[PDB]
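Turn these sequences into a full structure, and let the hints steer you where they fit.
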Amino acid sequence: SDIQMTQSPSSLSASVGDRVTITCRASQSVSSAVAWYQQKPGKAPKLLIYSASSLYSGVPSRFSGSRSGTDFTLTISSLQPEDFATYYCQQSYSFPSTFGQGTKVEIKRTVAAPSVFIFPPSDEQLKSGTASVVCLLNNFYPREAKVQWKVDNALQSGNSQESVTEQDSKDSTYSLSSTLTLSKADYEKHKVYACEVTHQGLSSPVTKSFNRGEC
Amino acid sequence: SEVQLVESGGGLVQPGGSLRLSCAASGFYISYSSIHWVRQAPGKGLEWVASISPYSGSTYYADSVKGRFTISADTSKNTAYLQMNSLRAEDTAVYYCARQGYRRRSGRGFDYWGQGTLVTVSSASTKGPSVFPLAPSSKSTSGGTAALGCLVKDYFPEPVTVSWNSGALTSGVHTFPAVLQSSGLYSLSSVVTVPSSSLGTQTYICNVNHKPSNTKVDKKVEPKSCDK
RNA sequence: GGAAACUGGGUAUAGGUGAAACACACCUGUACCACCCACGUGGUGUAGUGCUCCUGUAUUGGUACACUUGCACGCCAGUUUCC
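So the protein sequences, as listed, match chains A and B. If you're matching positions, the first sequence starts at 1 in the working numbering and goes up one per residue. If you're matching positions, the second sequence starts at 1 in the working numbering and goes up one per residue.
Everything labelled a hint here was simulated from the structure, so no lab data went into it. Every residue gets a Cβ at the ideal spot worked out from N, C-alpha and C, and that includes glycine.
Simulated restraints, written as ranges between beta carbons of each label pair: (1) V164/A <-> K228/B: 32 to 40 angstroms; (2) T6/A <-> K66/B: 20 to 28 angstroms; (3) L126/A <-> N85/B: 43 to 51 angstroms; (4) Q181/B <-> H190/A: 17 to 25 angstroms; (5) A14/A <-> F28/B: 33 to 41 angstroms; (6) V6/B <-> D168/A: 29 to 37 angstroms; (7) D18/A <-> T70/B: 39 to 47 angstroms; (8) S68/A <-> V179/B: 36 to 44 angstroms; (9) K127/A <-> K66/B: 48 to 56 angstroms; (10) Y32/B <-> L202/A: 55 to 63 angstroms; (11) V6/B <-> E82/A: 21 to 29 angstroms.
If you want the ones that stay clear, here's a sample from chain B, every Cβ over 12 angstroms from chain A, calculated: (12) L12; (13) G16; (14) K77; (15) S86; (16) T92; (17) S142; (18) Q202.
See below:
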């Protein structure tokens, strides 16, 4: 069979100075052929622990690894800011090798209501037969938010993508760009384009909106 | 560092295609260590792919690439290879190259990693982005809280690099992860928050470079016309 | 090539070591099996010589001629050094 590596939690929200533990359970025995990696955005992984619990050179000593049978736990004795990242786990007991799916680690803060901004399409773009309507949710935390597009109070669906920033380095917040894509032909057929946002910092949902062809 | 791994030759490949990756080593000889390929699709986790064991030549493959890939090495040129055949978009990932340590010091851990090179499996044509202004609101705020950006749409492959006033502007800037839209082209936007008091004078320019197609664009980003 | 050290029946298998997951090399165990004996908690390259020891064939105690046990060289094969 292929050995499975099952790594809880797959993300984790903690503060500087907390003890933390990522766990990685094995479908079969791997003796001690476990290794733990740390990866940061845009960057290769870096080794942290090799075999059971041995600490690859230069890695700080707040990093430890342990073992009970087929269950392995990376541990950080108190988080430092340079430690928030994703962490993987590998077995190399036998081929094919197997990586855990990672545990992203993120910084707990208090709730930040988003600042909501809506952008119509450029008239330059409308020269190309397409409209794009952009909605900005700015410096919010926690990460979960709701973005519904109502067009002449008709709720939309499946004509809009989105993406989220990584947690901000300074104030540890998130931001989001939702993009409604229309055809110019359909875009021009309607007036009130709106963006309605639900979040924990919002006592009631926030609508930013405009009218197609006002100033 | 002295020890380095440098992948090359990943790029754009249409499905059913054939790329070959090179991992070239410096500061150590690959013939005394085991060399590994490990891929990572965007936003996804890591995936061991294949490896090659020293002195034996013994190769090993993850079940998801069995039959399509081949890992090989060249001592004369201190380079590992990864021949890829029968490619498909599922295979779109950054393809890192790594090395197992020495048993006495780092067990079987992977202590040295290339940069990763990017394979994009897609039938899309290399294409330059189009950049459109996200203008500040006419209402904005009477106090200085305003928001603007650029929309960078329909380019291929990844990546782009966006800057504001050629690096001058960094504070309050978010450039969001690109989104692969159903046409197979990418699109992302970049924003920044600036004082509303600054709009009437300060000229904001986003700097867009899409390297894969030799494309730099700058858009001045003004307040909406008739917004006085 | 020169000399320097070791090593020695078969198949498996566990562990170690060699820049070493497998392979290859080496080292150490284990199990089993094939053979020698004088039959063991035994032994194990060798149709060689010498001493030895066991068992015979007997002949002219002596002597041959075998068989066996051990020891020492030699020879053979492998390994590791060092020029």
